[PDB]
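The chain below stands alone and is given in structure tokens; this is the form solved without this ligand.
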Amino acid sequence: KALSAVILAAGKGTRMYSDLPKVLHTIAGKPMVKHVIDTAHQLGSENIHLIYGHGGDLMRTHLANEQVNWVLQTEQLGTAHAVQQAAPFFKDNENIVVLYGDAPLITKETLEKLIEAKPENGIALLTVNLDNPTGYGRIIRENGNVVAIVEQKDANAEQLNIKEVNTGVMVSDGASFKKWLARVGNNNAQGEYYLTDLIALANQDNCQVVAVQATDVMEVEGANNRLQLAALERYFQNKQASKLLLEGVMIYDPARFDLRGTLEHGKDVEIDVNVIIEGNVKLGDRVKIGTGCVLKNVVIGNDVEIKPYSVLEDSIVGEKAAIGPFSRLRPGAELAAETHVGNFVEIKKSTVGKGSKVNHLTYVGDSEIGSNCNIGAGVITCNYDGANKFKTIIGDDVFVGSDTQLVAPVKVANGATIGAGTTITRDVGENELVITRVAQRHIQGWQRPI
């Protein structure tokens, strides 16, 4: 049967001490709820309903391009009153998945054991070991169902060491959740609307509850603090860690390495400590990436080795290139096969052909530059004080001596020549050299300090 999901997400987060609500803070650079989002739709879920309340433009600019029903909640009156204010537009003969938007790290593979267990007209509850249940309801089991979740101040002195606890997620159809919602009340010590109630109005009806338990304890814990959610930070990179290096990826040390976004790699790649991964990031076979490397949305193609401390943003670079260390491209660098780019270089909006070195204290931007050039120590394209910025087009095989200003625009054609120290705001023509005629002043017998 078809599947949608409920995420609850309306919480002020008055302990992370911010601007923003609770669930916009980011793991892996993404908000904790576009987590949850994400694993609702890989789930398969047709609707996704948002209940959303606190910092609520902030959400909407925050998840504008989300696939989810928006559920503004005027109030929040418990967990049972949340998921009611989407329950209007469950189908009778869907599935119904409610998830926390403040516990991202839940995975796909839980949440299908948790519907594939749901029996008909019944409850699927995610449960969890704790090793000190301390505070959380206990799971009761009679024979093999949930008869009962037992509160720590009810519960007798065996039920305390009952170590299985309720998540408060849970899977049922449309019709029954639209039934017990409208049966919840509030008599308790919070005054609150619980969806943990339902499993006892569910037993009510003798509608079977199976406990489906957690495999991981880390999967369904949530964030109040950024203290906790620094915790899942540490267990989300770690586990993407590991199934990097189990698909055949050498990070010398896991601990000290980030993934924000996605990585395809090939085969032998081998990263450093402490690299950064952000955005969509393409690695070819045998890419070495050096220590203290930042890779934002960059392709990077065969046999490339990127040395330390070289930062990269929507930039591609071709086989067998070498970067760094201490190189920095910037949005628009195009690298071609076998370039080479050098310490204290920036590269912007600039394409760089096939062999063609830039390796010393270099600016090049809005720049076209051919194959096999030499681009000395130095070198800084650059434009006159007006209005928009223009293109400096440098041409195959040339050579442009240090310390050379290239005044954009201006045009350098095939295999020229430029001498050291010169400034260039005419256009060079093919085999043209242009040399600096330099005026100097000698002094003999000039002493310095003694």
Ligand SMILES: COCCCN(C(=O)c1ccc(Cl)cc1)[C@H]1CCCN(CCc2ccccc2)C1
The other form holds:
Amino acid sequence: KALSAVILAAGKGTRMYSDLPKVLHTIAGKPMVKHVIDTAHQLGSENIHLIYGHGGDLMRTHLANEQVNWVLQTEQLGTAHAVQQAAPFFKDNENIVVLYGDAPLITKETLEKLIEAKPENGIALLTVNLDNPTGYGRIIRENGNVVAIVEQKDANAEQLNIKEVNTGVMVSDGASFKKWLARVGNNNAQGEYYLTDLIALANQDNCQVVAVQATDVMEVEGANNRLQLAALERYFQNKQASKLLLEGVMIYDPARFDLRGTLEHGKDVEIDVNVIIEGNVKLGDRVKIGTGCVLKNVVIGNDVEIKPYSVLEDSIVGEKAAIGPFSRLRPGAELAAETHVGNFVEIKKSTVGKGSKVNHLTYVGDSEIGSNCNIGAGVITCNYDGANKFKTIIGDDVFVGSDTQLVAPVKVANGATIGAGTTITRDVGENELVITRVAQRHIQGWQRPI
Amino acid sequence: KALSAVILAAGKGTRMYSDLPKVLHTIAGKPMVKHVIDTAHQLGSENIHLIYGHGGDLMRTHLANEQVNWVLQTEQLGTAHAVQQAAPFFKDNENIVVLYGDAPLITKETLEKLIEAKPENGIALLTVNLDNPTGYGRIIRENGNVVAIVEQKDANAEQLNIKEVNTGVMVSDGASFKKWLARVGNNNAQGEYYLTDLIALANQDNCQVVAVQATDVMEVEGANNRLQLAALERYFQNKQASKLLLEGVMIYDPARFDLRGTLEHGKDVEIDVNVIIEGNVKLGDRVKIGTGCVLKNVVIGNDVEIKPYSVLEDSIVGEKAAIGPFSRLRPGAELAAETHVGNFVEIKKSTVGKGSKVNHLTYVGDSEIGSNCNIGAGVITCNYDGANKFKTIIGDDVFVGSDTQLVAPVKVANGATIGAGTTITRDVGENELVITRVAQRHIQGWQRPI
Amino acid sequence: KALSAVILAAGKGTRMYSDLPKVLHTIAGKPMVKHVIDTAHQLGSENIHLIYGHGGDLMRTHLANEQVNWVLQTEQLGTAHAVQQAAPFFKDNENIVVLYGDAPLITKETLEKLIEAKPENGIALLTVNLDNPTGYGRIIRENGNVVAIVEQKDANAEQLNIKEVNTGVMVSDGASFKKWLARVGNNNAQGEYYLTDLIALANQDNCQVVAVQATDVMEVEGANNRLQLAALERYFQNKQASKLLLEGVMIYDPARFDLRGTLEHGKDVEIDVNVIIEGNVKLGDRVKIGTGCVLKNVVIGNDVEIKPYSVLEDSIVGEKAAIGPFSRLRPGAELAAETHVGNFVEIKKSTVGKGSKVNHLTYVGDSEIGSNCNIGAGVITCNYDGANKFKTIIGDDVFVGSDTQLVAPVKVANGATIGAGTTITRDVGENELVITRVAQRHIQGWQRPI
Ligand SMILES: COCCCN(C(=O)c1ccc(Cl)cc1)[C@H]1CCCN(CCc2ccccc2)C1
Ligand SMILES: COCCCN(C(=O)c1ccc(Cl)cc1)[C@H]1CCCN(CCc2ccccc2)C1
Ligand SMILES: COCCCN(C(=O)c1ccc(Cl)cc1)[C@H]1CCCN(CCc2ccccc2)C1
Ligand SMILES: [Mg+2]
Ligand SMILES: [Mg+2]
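Can you switch from the form solved without this ligand and show the form solved in complex with this ligand instead?
Up next: the whole complex, starting with the chain shown before.
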């Protein structure tokens, strides 16, 4: 049968000490709540009802593109009240899963088991085994069904030794939710309407509640503060790294690896320590990434080596290229196959053709460079003091001598040769050699202050 | 009542294999003994008696400014002998706490409890629970008082199972210390005068000894070698990071964060992996620090982003500035609000005014740059081959073309424009355009070696 | 008596998802099998028989220089069959130790104990204690001898609680191996000839089998996939770091330190976080290495400080030199004592004499620079567009002004002074001052687009 999700995401998150609401804090570069939305979508949820409240305007700006029903809750009166805000939209004969926007690590796999376990007209409750369950609601089983959730303050001696506790995550059909939520009261020390009370209500109705245990405690943990958030981040990154290792990516140290997006990879890829991969990154076969590299939204071809401390963003690199160390590729950098980019080089919105080399102390911006060019150390593309910024076009087989300025807009045709120290303002023709005529004064017998 | 401290700091630290004495090795950038001095000061110690010996001259140079009584011990004859060196300076009616200079993690909070627990004319002894107490002196309690410390070699079967052991840290009044230290003997296998024996002596006198348990084993651990020192360092850094996380600083990975000094922070600060903060650093609201940055003695204003692999020292950065990646700020760099400093740029002892940009492959030293200037790629401030190094003064709204050398001392007035490739030796006036007249030789039909 | 080793190294390593065979994957920069070859050599092995198969051509290219007997196995029919391939080469009266090429952490010390424990005409079997021994062959002891290895599926209730299990590593004399290997059958579920069966065969012969327990589980672990490989890497790096710490090297964080080769060190060396040491590196007394440095095949003299994010390869650095931050030394860089190399500087195949400074935004390649030279910011050595690349020779006490190009081949004699912005193509004589005569156009009243 069909499925929809309710995600509880209204909290202020006071102990984050932030201007953001609780669920917008990121794990692996995306809001905690976005992790939960994605998991709900992967489960096959038809609708996702997002209960929100605090930091409402920020929620709407940061999650503007999410396919959710925006359910604006004006007051937090407990979890049952929050779910009831979405209940008018539940289909009678769809399953509804309730999830927490501050618990981003919950897995598709655990939730599939939870859904499959739900008996007709009953509830599947997600539980977790703790070595120290003190403070948490104990699961009481009679046969294979949950007959009660007994809170710490009510439990007798034997019940206190129960390690299985309630997580608050559960699945039931939409009609059952509508019926039982209307029967939840707030007669308790907090004066809140607790979703937890659905278990008692289901048992009152001779409906079955079945428990499913989470495989991992971290799977169900939420973050109330940034220390807990960092714990979630580390667990998530380790799990991501472990998956990649098992797929055949050599990550030298999975504790010093960060993925904040998606990684597509070939075979025999090697990633050294302290690499950060962000956005959508594709690495071909036998790509080697050296220590300290940052790759964001990049495509790297087969057999490329990126040497240490290279930072690349929104760039494409052709097969057998060599980049780094200390190379900077800025958005729109497109390096062809067999190119070479070296230390203290910055390439921005430029194409560099096959076999060309830009190996030192150079800025190339808004440029087209052809194949088998030699761009000398200290070369800079620049503009006049004007309005917009124009293009430098360099053909194939061009030699550009060291410390030359290329002043856009300018074109240098195939086979041209430019001497060191030149200022190029006029177009250079095919097979034209341009050399600067210097005037020097030579003074003999100049004794240095020494 | 008043309090003074005695810190035992005379050791050679042979297993460090160092020319330094034991307690001068650093944790978080400061000598282990300095941690203990500071803790003693925070407890409210009136006097701090520093028992020193080995590496005496180094102790005096490295701790020259510490408010301690320098008690030079000529021979190490045991801990009681060391404390007795300071005893002539104890006030009869002040409390004295004994601390170890190689155990830097001891907390103010534990020591406050220790002091409060001390009965009149008695001793408060700091103890610690170990899962494997083998080798350590077992605490024997009768009622709530310590009647003996039984060493491993003397303990019977049941005593060996006692997990509570002696740390050697204790508090008693000055008069009691003077009396009991004079009664300590050295009749034991080591031939040493042990401070430990004060417990037996107090019990001989019908004085009460009360135990206080350390909350953490690491709190009382000392470092005898650099492996142990690195364990202390990691524990300390984790604790510092955890405190900052709970205060609302987003530290992406607390295991890859180092603070070696003090950090003042606003709200919503984000610090990526492998950042080192040294000296006194102040970060405003919503500061973002990218991976691999090193900040030492810096003030950063609100809304500044420091991009990866930037190294800043003794510098000030105004609000909404953007620094990095691969930027270097050297001492005396002062960047105004809304400034931009980019890759492979070095700024030393220079002021850069509001809105100005220095984005590539540039050295600016000993300079004043005004507001809304454009400092082109490859620009260098330099000097004549002379004696001292002079200043470059650039006004507001100046454009400096790429690969220009500014030869100090020189002044460039408001609104001036300098063409690329220029050598500026003479002052440039207001609204003056300076462009280099190049002489080039053009040779047609130059066929490259290809 | 003499010793030889057999190393099992034929596996495909399917779950690595690699074009390499299993044992060529690296730990600390060298193939797993090379670790085991080296350990075998350190034990005093006269012959090392390398059983290989899958990825045969790669094995031969990657291990071409190893002193092993290459035993090419055409089919994997079990571990006994593999060892039997080498058996014709066993001396009757030498001991033979059997090792696994995918278990690189096995120690010399454990193996020495194993060998010493072997009774005449018997076997010493390496075992390991596991908290969860499920799936592994249980060691049955009667007296102090191993009478059986009982597999999981055969063990009774009490045998299943045995924590001691078989590793498959063992020592016996060559004649015993020849005899017993010929009696191993393949009547089991896998249809394989198991080396394990030698224990049963020895007991059949009234020969003694003695167990020796591994000190560490990780010591005997193999890597079947890259997740396991990364676990081995981390354990190995920690152990290496711990050894260095105990020798007196201050490694600020041993979890963020990598050694991939050998390190020779003096006293009071300090290594900050995220340093990688590769190949053969020698550091003198009081060398300080800042964060993010990479040193490969380098010799560093006493009292050198390498500041953060410096990358050095195949280079020598004299005493009291200062390198970094953001410095690049490429192969053949030789820096004398008291030299200074600064940010965004690249030195390649060049010698730099005592006291000389190259502090910013410079490339020096194929050069000899003498003592007490001042190489200004933006200086570049370059070549004509030609064939091979020629040498720049700079004498002692030379000043090279900022943004000067030195066009090889060229010689600059002692005491020469070169003005900023110069292009040097002709040799400069002793005490010759060369300054560029610029032509500038000055336009007054140029109002900037503002
Ligand atoms: C008093 O200590 C409080 C705080 C104790 N805890 C934490 O601080 C913590 C919270 C979140 C993370 Cl990610 C890491 C640690 C953990 C300690 C381990 C058990 N869980 C709770 C597991 C759970 C999750 C959802 C529903 C029910 C139970 C809380
Ligand atoms: C034989 O193993 C020796 C060495 C055993 N230990 C260490 O090597 C060690 C020492 C210091 C650190 Cl920071 C980390 C480890 C630890 C193991 C855990 C207990 N403590 C001692 C705790 C203590 C501290 C002060 C007073 C009394 C007890 C020593
Ligand atoms: C079902 O879980 C399988 C996998 C379980 N294991 C692993 O995945 C693992 C394997 C290798 C490493 Cl380095 C780290 C972990 C470990 C878990 C700990 C015990 N050992 C085996 C120890 C051993 C080594 C050699 C011979 C005999 C025993 C395997
Ligand atoms: Mg230049
Ligand atoms: Mg120039």
